[PDB]
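In the block that follows, a single chain appears as structure tokens, in the form deposited without this ligand.
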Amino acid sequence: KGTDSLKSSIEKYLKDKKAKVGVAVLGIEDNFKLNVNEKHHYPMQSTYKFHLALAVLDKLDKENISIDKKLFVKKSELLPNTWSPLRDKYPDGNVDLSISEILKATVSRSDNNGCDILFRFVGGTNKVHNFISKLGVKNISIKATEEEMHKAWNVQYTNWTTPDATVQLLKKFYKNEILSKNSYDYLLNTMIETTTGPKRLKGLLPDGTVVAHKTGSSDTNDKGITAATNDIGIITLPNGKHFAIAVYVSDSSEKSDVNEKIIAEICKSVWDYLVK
């Protein structure tokens, strides 16, 4: 009963789903906690852009560098054949772009080139990994850039996480325990402003529900396996309180609409329990 009933209900929902689904929920201002299939390592995909953002903002805070500081981005950096609004906008590259514009593209629109530019700025994947670990959150592995991930099929598996780790990280962020007030406000806004993943965490929630989130997606291999279909974030309840949730649908044989629906239904079931 109570939380246990919710977990069981979610478990029942997942029994006929041909995927490995991981779930974690953490209440922001209360003691609520939920975990389903927590132990497993789930591939992050674009969800890791959130962590990267924390690292860049943290670097800016420490070095007292403005978010308006411009970085010259070489043409070679704006790789083709990858999702990049930045490349589309600046096809010839060789342009000076503010960190703010780069961050916005990376977090709000999942820009791959933007993510790699930022990884360079903070010093590489290991630096981000260290930064996250040093925050007291274990079980998150960050080893590959977007460029690297676009090669072999199994590179994406090297960027992994447990669901609970994500939720712990989100809560710390949401409570403004990691960055400065200015940086926190900015990142949060970018997370709310996004139009990605409308059928995921947000899909069955009521119109007007504020959700700050970051999506993650993958390709489908020739055996019909979609490696990752993810959505992570902070949701605002009707009473004004919040909860962090992370859902990873991994190694799925299901159709793309089903994978999104799984995230949506699971979130909806959590929401209903929490509202009550």
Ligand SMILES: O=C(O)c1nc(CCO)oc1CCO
Second form
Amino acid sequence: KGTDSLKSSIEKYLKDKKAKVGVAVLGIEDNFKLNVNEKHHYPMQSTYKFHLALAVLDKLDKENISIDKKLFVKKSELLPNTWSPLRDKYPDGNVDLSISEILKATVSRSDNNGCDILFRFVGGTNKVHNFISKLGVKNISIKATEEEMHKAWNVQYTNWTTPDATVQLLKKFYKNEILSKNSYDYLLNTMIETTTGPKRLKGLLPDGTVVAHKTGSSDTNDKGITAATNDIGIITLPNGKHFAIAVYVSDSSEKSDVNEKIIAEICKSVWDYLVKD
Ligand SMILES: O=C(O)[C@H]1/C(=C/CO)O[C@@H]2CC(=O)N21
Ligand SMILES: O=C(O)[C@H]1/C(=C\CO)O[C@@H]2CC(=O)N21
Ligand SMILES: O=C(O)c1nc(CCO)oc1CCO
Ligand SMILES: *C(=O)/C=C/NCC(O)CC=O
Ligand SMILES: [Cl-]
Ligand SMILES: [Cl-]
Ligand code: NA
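Now show me the form deposited with this ligand bound; what you just gave was the form deposited without this ligand.
Time for the whole complex; same chain goes first.
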């Protein structure tokens, strides 16, 4: 037992769930670790917008470009029929939008068009892949823009991660090992000031728990398979410490609300273990 009855407890919970669920927990201040179903590749869906914002913010820090500089977005780039509050605000495109505003839409509101704008800005999906790899985090594949993921069903499975790689990226980011102080502060606040995934990592946590996170979601095909239901981020414990956590519910046959409950229950049991010192 110890941190092992916790792993065995999560495995027991996953036994009857028709899905492949990956889990990873990394203490921030204290060196706590937990893995469930780790040697597997889970599609990231919109969670990889976190990695993109990192590459964006790093490019700004390094080239000394202000997050306030404006980018001209062509109307042809605000694609329709994809989630994009940017397009809904500026339906005619051909507009100068600050990188700050585009980041906000991409991270806090999961803007697909904002995401693809920001991929163009850093030089494409492969540039983001290199940036992550050069940080010393392995087993993250970043190959498809949001536009490419909305084509064939298979294409989302080519943006994949291990759960371990995510918590490693989260904790590097949180301990301010990646970005300038101003860039760190900005991305953190956009990950706190989100309304997404209310029933995921946050669902069963006490009221007022600080949760900086990024969700991702996919469709359900006609054999009832939801490819990806995800939530990842950093959580504050009652004693003021933090832990990074990622839950990837992949290729689920379960109903949608069950898929989020899986994230919520798993995170809740981790929350209870760590709340006991
Ligand atoms: O001491 C604590 O507060 C928690 C914790 C939090 C993660 O930094 O990590 C260690 C493992 C555990 O229960 N401790
Ligand atoms: O098709 C596109 O790429 C662009 C463009 C100019 C081409 O550089 O003009 C229109 C506005 C828009 O979205 N289109
Ligand atoms: O727009 C959102 O709030 C959002 N959230 C997710 C992850 C699943 O909750 O994806 C999106 C964009 C469309 O999928
Ligand atoms: C952000 O999580 C992505 C949302 N939509 C992606 C798709 O619709 C692709 C699923 O087939
Ligand atoms: Cl273009
Ligand atoms: Cl409460
Ligand atoms: Na999302």
